[PDB]
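Visitor: Chain by chain, the residues:
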Amino acid sequence: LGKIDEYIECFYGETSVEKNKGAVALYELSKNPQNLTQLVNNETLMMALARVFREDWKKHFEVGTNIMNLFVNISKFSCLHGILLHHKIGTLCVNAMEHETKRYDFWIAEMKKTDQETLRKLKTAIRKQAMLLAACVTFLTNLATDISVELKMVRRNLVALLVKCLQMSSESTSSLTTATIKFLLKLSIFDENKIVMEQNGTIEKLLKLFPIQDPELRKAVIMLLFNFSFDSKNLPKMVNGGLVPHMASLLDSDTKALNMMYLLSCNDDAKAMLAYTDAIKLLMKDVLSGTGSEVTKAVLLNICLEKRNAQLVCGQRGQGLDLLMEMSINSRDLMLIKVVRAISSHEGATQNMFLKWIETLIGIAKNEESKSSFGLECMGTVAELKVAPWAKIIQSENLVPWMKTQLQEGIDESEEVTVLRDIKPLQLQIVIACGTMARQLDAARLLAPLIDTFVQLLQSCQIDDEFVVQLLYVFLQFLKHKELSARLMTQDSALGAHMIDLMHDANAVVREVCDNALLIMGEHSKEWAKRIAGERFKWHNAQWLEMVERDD
Amino acid sequence: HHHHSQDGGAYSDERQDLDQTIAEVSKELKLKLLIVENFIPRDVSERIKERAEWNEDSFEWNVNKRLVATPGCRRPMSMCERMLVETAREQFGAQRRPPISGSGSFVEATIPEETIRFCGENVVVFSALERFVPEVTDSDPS
Amino acid sequence: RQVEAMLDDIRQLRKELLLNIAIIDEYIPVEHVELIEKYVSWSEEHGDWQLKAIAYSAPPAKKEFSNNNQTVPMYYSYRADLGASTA
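Line by line, the protein sequences are chains G, B and C.
Residue numbers 123 to 490, 496 to 679, in PDB author numbering, belong to the letters of the first sequence in order.
Residue numbers 529 to 592, 645 to 722, in PDB author numbering, belong to the letters of the second sequence in order.
Residue numbers 531 to 586, 594 to 624, in PDB author numbering, belong to the letters of the third sequence in order.
Mixed in with the good hints, there may be bad ones.
Claimed, not checked - Think about it this way: if two alpha-carbon atoms lie no more than 25 Å apart in a straight line, the pair counts; the simulated SDA-like pairs of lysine to any residue are: (1) C:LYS600 with G:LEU329; (2) G:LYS286 with G:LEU329; (3) G:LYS653 with C:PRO559.
Think of the hints as simulated: they come from the structure by calculation, not from any bench.
Bound-form chain G, shown alone:
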C-alpha cells in the first residue's frame, strides 16, 4: 500500500515488464482482504486497470492474467459486486473469451502449416491463453451468484462460448476445463441453458473426457452428467457412449459415481454392460459388511434383473445368496428380500439355489405394513420357482387350507370397493404360485379341491385383466393334465362359457391364453370345437348376418 501510485505509473509505462511488475505487485496486495475495500474504493485504480485490460492484452497475456486474478479476488466477496458492475468489468471477460476462442481456432489452423519453433511458440501461447480464459470464466462464475446478472450474461451468447472453451481445453485438460465445467454445472439448473448446452453436443464432449485423473474435474463432470441424465434422451446417449465401464471402477473412489451408476443401471443395456464389470463384487462388499446404503441396495436390485448378474451374485454353488438371504431374514431388510426375489425371477439352474429356502420363505409369508410387504416378497420369491418338488411342499406346509383362506377373504364384495384392498396383491401371488405349481400332476391333484374357489373368483374379480390372465393360466395348466381334464370339460362348464365370453376381449394376452385353452377344450371334444368355431364366426361376419336379417 506504500507504493500504489508507483504501480499506477508503472502501468503508465509503455513497457511489457514495467506494466506486469506493478500488476503482479497489485495482485499480491489484493491477496489479502484487509485493503481490498480500500483498493476497490480507489476510483483511479480500477479504471486504469480496466483500460489497460482493454489496451495491452492482445499481445500481453503476462498482465491480463494478473489484472484478471485481481478482479477475481475482488469478486470473492459479494458486497463488492456492485462496485465491479459499476465499471464495465464484466463485459471485458466476455469480449476476451469471444476473441480468444477465434484466436485459438486460428492458432490450431496455423499449427498445421508452420515450422517447429513457431509450433512451440503457439503451444506456449495456447497455454497462456488457457490460463487467462480460466481466470476470466472463474471471474464470471463468481459474478453469476446473482441470478439477475447471470441472466444478463446468458442474454449475450454465453453457453456457446462455454462449450467452445470446453472444446478448447478438452484435449490438454487445465484449469480452464474445471472452471468451464463448474460454470456449466451451475448453468444446467435452468432449462434454456440445458437446451443450448445439449444442442451444441455437450454430452459427447463430456463422455470423451474419461478417464480423467483430477478428482475435481471428475466430480464436476459426473455432477454435470447427473444434471443431464434427468432427460429421457440423454440416458441412452451415455449408455451407448461407453460411460458405464469406466464409471463402474469409480464406485470405490468417488461418491457421486454410485449416484450416476444407479441412473445408468435404470437402463437395460447398462445392466448388460455391468454384467462384465468388477462392481458386482463391490456392491456385495458394501451390503454384506453392514456399511450399506439405500442407493447401493437399489442399484443392486436394478442390476440383478439381468441373468448374468444374478448368476454372479449367486456364487458358484449357493454360498453367494446364502449370506444375502440370511441378512435379509434376520435384519428384516426389505431391499435385500427384493433383491432375492429379483434373483429368483430368473429361470434356469439358479432356482436350485432356492430349494433350501422354500419352507422357511413360505413360513415367513404366512404370518408376517412392512411385515405384509416382506411376506409378499417371500411369496413372490417362492412363486417364481418351478423346479421345486411342489408335490411335497404343498402338503408338508399345509398350503391348501391357507390358500383357500386367503383367496376366499374378500369374496362377494363387487370389485368396486374390494379391488383396492391390501390383501389383493397377495391373492395375485397365490394365483401365480398355483399356476406355476399346477404344471406337475401330483400338485394338480393336490390343488384339485380349489377349482370351485378359482371358479367363484373368476366370476367375481374381472375389472383387472392380469388377475383374469393368471386365473386362466391356472386353468390352462389344469386342462393339460389328462387325469383332471375331463373334470373341467362338461357340456355346460362355467369355465367354458366364461372363456367363450372372454374370447372377444380388448387385451390381446387374455385372448391369447383363452385360445390356448379353447383349442385344447376343442381337441378332446368335437362339440366344444363346433361351439368355439360358431362363436368365432359370429364375431367376423356378423355384419352379413345383420344385413341379411334386415333384407328378410
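Please arrange chains B and C on chain G, whose structure you already have, making use of the hints.
Guide: Just chains B and C now, kept in the frame of chain G:
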C-alpha cells in the same frame, strides 16, 4: 413295362366328359375360393395352409410355456398396485422444487415407501438437481 | 400324350378344392356353411359367384404402464421462474 395304380378316382377317358368334369370342379372351386377369401381371415388361412400336409398315395390333406403379463410391466403386478403407483407418481410430480438461492446440497435420494412396496425396480427417486456453489461471502474486512 | 393334361387339370383342381374344403371345414361350422350356400348366385356369363360382400375400425392406442418413478420436477426456467426472455 410300367405298372399301374388307381390315383384318386375312376374317371372316363372321353374328350368331352372330362371337359365337363373340369368345368364342374372349376365351378365349385370358384365358390370355395371366394368363401375362403371373404370370410376366413388371412391369419387363419395362412396358419392352416402352413400346417397342412398333402398326401401322395392318398388324395387328402392332413391338418395337424411362460408366464404372460399386461402390456407394460416386466413382472406381473396387479391393478391396485399399479394404480397406487400411478397416484404416487402424480404426487411426486406435484412437489415444489427447492429455491434457486437456498442451501440444498444434500440430494439425499430417498426411497419412497410407495415404490418400495409396489414397484420392483427404479425405487430411488431423487429430490433435486446438483448445483455448484461459488466461493463467495458477505463479510467485509474479515 | 393321349390324355395327360385333361386329367392333370382335374388333379390340380381337385387338390386345390380339397385344400379349400379342408380349411373351410376347419374354420366355419356346419350350419353357417349351409347358410352361405343359399345366399350366393352363380353367373354363366361372368364365370364367378356373387354375394352381398362388405368389409371383412381400430383402437387408437393403449396407455401402457411405465417404470419411470423419477417424476419430480427439477429443471428451472428463466422465462417461467424469473419472468424474462432469454433472447
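Visitor: Next, verify each hint and record whether it holds.
Guide: Hint-by-hint comparison with the structure:
For the suggested pair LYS600 (chain C) and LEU329 (chain G), the alpha carbons sit about 35 Å apart, so the restraint of at most 25 Å is broken. A threshold of 25 Å between alpha carbons decides the hint, and for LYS286 (chain G) with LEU329 (chain G) the separation of about 16 Å falls inside it, so the pair holds. Between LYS653 (chain G) and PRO559 (chain C) the CA atoms are separated by roughly 11 Å; this keeps the pair inside 25 Å, and the hint holds.
Hint compliance for this structure: hint 1 is the single one not met.
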